[PDB]
Amino acid sequence: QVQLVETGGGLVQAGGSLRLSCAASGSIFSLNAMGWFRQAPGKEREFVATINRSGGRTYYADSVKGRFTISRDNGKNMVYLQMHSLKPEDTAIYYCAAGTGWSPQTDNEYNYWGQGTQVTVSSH
Amino acid sequence: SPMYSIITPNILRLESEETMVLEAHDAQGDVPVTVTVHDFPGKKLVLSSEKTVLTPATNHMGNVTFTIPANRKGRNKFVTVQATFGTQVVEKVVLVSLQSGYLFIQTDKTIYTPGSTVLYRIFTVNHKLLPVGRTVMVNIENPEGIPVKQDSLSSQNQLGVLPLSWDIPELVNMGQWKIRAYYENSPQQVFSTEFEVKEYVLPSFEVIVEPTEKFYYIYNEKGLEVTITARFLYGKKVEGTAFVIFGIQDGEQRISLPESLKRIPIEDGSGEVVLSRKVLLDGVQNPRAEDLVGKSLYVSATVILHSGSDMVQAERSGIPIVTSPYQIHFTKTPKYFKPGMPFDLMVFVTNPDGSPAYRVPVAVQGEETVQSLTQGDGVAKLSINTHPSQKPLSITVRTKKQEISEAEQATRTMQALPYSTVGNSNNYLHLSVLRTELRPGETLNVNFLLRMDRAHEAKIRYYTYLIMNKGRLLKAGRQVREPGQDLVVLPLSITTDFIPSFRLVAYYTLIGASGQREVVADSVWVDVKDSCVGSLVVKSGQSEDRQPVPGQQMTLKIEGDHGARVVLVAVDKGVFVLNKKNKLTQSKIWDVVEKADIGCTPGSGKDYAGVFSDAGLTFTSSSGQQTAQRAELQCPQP
Amino acid sequence: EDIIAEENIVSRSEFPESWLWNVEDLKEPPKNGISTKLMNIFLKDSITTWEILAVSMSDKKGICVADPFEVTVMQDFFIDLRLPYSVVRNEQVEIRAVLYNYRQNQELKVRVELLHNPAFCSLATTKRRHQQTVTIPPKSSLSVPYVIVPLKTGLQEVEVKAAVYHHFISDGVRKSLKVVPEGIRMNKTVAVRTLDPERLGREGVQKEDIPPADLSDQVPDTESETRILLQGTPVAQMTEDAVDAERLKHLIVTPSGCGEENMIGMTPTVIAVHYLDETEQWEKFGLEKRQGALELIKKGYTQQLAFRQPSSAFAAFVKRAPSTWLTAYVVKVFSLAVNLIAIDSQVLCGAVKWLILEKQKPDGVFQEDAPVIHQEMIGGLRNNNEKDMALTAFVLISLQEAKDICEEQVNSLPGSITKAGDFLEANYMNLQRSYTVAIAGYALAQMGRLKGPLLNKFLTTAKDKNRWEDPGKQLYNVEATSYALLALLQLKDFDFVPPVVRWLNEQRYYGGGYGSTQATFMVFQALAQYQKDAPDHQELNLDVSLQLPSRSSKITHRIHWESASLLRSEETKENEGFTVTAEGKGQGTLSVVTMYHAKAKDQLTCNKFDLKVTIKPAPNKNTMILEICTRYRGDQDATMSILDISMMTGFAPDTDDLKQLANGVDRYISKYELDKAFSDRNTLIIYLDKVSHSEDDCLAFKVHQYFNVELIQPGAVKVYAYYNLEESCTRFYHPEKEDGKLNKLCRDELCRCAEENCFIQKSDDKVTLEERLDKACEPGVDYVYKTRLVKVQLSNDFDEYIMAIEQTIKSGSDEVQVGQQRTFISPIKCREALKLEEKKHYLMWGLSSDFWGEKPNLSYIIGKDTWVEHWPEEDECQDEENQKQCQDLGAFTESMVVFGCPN
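For the protein sequence lines, the chains are C, A and B, in the order given.
Residues in the first sequence are numbered from 1 upward in steps of one, following the authors' numbering.
For the second sequence, the residue numbers in the authors' numbering are 23 to 94, 100 to 665.
For the third sequence, the residue numbers in the authors' numbering are 753 to 1371, 1380 to 1663.
Keep in mind the hints are simulated off the structure, nothing from the lab.
Incorrect hints may have been included.
Said to hold, decoys possible - Below are the DSBU-like pairs computed for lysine-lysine, each with C-alpha atoms no more than 30 Å apart in a straight line:
hint, chain 1, residue 1, chain 2, residue 2
1, A, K566, A, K615
2, B, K1001, A, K264
3, A, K633, B, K1001
Bound-form chain C, shown alone:
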């Protein structure tokens, strides 16, 4: 199997930016879907972004449509999520998940999840 470890999180200001790095256990090659998911306090786990196996296709949620950019490096077994123009409504635990490629915008086709990392965007 394969497990994941999320890093790159921390505390940031309201307007700034930060990128989250997802480290994979085994070779991420041949894995069709690599998605990022988040769960805000008091809310449900929602979809953020998926990336193709080769990286040529992506999907984003409407709330973060033109503000986040997902990328992957199949040679380094790494997934990234560059977060720009942050909003106080983006405070959540960010989870990195491995998928099968089918229905990449839902969590029902992801069987290998990560520990998650806290990204707190304060209004101060």
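We have chain C; now place chains A and B onto it with these hints.
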């Protein structure tokens, strides 16, 4: 007076270690024995010369292992086996077969296209199925019989595995190609396998043509019901249409029934179709229905996907037309009996497809009191008491299946002839043993029953039993008897050395009626199940809750004997949809061993000499008692 | 727009039929006698089930065949490229890419594309992709038809990629098929020459020059393979059969009587065992009988010593005078008996010691005092005119059978032998009896010398050159010929032997009887030596070596009587005349056959059906009527048949029409196809209970265009009976293409695809002077011409534009001069796109790959890389619209002609 006896196999092999057991009956003191093996019709050459001494501590029971060297038209060759006990010479001319073992040929696939490569291995084993180092000649010939490639390998230090390959040219004939191999020392024994050469692509699904019964009852008004099953090679059901047509086959003439052509839908991977009894009778020119008994039926199905992108043809042939879902065979029952002693019938019951039938009650007519049940091996034992008379014993056995009417029952008749004794004297020896699937680790209780006169039974104090396995002497021992013990039980340990079967021949000797030296013998053939001597299993070395993906790494687990060389092959199951013939199986290996058995009969003989010869043994003594000469390599034909 | 195939699909390429041909050794330490080896394997690209078979061989356990282990490899979504085994060059076929959707309740929207290959002619070109979007319902599949035409022979490759919308799932399949030339494989016999070096050829060698393959039906530029079959012809040297042992059963005799009577009964038993041991007929005679007669031979030797006189001589009684003949005959029988039984050798040498001291005059003559009571055993020596020379030869033969056994015992034996041989040579040329020359013909050939004339008199005294005969009892002549056979076998001559043995066998003399002592002993001692030394077969030993100029080595083969290489085939792809040198003894056959591609009818298509497919625009956007008429070509109506109908891209059949066809009496449309949705239904099968052979059975249904497409691929219809897919017939239909064939230009079995554009589509205003120079100065651009259109020969297959070369701006590989004409070819679909007008001028450049015919009649093809630009006349440049173009063209010419292309 002492009688010296020697026993060897009926047929001796070249470069194979044969065993010769030497006995000194009714003797005191040490007996030096010099065994020599000479040629024939001459005696100039000394092929082997071993020495031994029969000590009274071992009750004058010892063996000598020799090996005929392979220094060597179209006729038999013989040797002179000669053992000189002290000054008494006891010799026997023995038939010799020019075989150095078996050859098994494995091809990676059953069918090939022009331009592809045939990867094939040849396994070189001897008569004990153990690997040997011999020079093997290999041929690849086209359908026209023209050998296109000839090789000559040395399996020495190869662990009996000869890997080979051949590139099929593009300009080449289609049909059945042969791979033929034989030993250099025994070029008269050729082993062959076939592989089809054809232009094809691999199909995407397989078709299974399965009748509801593996036969057709001629009086079944429902006709022959068949279920057509189609599913993809990766394990998914097929949707399409099936074209099914039936035919009747008498020997090697196939007669198609055009009225039986049906077009059935294949819904959810399955479809059913019936050959009605009227169509069968009308198509074979309306004869009396009993004339069709003995002929077979074949079914040909053609399944086409609804998309039309792929189609597959399948055929199920050899569906016999019978008056009884059962067949009775006496091929495992002795054909000779001993008057006055019980006769053990070995009734073998099979389904019409040849498989052994389970839990089928059988009974002898005229008795109605002796009724047995067939075990998992399809055999049922029926011990019946016989009159002390020289009359022939005609036996008719019928099945007594409850759910089956008397018309659909099976029957078969055999005759057993009385064992002829020397001078019409009535001293016999019976070996009885239960017949069920015997496996290593079990103990076999062999019963030694003695029917003889009470004025001489005190002279018999031991039986001499010999065990024949794979044409060699495996174990020879003594079963002690005390005066008054008409029955003694020999608990025999069944180890893996008894695979696939063995013969137990025993004999007692005495000086009885007119002071004449009398030897009385008996033998029985005991079948053991069957498995590998060692073991070999291939399975998954990973969890595999996942279904693997093209190109995915997979861990394979191989469990076997220490120091064994495992050779592998991975074949697409679409290959077998095109051709599934000439595949190496353990059952085919045991078929080769039993066909090479030098014993011809499941029981005793007409006299004491017939008992040894039928079990594949020679007997020779200084008192003139000996077996008849054997000069034919094959068994007598019934 | 989004190309979904951007998924970076690496197509599946590994349908190996078998793999994992590996050898592993269980070296790991065993746990309870079982070693477990873990093995990492990489599964191949096939989507199927693999059957892995393992066989183990063990020093202490033997051979074991494991039960098969299966591994199933699958995906949810995947392509199955149903590719045929082979395709004929330039024949249009329809392959099927089947896309599978095993999602449980998700309907997929897939973008599938057939990738372009210059080896094929399809809708995919170098500037246009054959992409389409299909819908696959869950747990279903859809067959995507692709129409292609292979253009070059060999192993050619077809690749199909697919990627699903709104899911990150993609797949690709890249399989290959064989492109075989329009002919049919055929084999012809080049030569059948029988090899016999001792009957053909000279000086013991036979040279046979083989002519190259004499084909005259071969498709040009195709491969041929010549198979050389050297095969020895076995014969059975000829040798005469042995006498059947059933006729010799009466020779087993219990010897009894006195000194002469005991030898009479001992003779037929010793000579029978001797002859049966040599011929090994005991199996067909009774192996048990051999020991009983062996005891009768011992019984004869035991009772003959009772009449051995103390002087080491032999007589009838112990009080009878010794004989020179009887003593010499006991030596003759006891010597031949040593090979089977022996007791005492000093008895044999003691008789030879007496045979020289008392009965050897220094003249070398053996004289008989004649105490032989039985004149029966004497044989031919009795009633002989030259009884003195015949007896010297009889005793001399007895000394030789005992010479190898009494060489050290009797040291004076070689002296009497030389003396006896001296007496024979002198009076050998004076004998007139055939018996004397025969027994003294074996007496001087045995370890002796017969002079040239003596050998001539021995061979010329054989009447009819097969037998020795003289007036007298025939037992004398049978005995004589038996002596003459032992002489011909002692001289190792075998050209006079066959007719001699044949006569002995036709005599049908089986020994035994009265006075048969000599006749029975000699006729089976001679016939035993014939079986002891003989050349069953005719000694095949051919050393045949073939010298081929196709290679730098000579392959030889020793065709012994050995069965290892009775026949040996030698394939040679090169078709050249080679030499076959064959020498040695025996006969052999040489077979030379060449396989080749014979040009015939490509008439192999539609050999069992007539098929007429018409598509008519008879009156939701577009609606046409597809009519299919078929007829079986047999004497009777055909059985159940299949109509495999394929829709042209963007069309689907009318559902109500199919339901009315399914209600037909002789038709069947499966419920599966009727319940299918209107869309994603591009294939259909109409089953026919029968198709008439007398009339055309016609069905028709409407097809609607539910999706507008820029390029419509021609649909197809395929007819075949259920029992033979090979005997099919496919017709293509397409509004506005000839017989459903894709556009191609063929000439002399060489076609090039014509589905390209037509020409480089760059506009005349978007191109600049620098852009023209950069394009034209490429090395790929071979020719750059200014032309003038003279004539436009319109045709239905392609339009021919005859151009006059006005100026050679850049001369290519074609030497064309100003004023000459070259034909420019373009398919008729480009007639409206090119808009060429006669007497107008054009700037044209293109690739050297667009040349067509031969150099004397070289044609140009207007392909996707051909530049065709209108060149306005000098007066036309006075307009302001043409000012830009004329400034470019006039400058383009001066820059190319005067200064050329740098780099």
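Structure-based check of each hint:
1. A:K566 <-> A:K615: holds, 23 Å
2. B:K1001 <-> A:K264: Not satisfied, since the Cα-Cα distance of roughly 76 Å exceeds 30 Å.
3. A:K633 <-> B:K1001: holds, 29 Å
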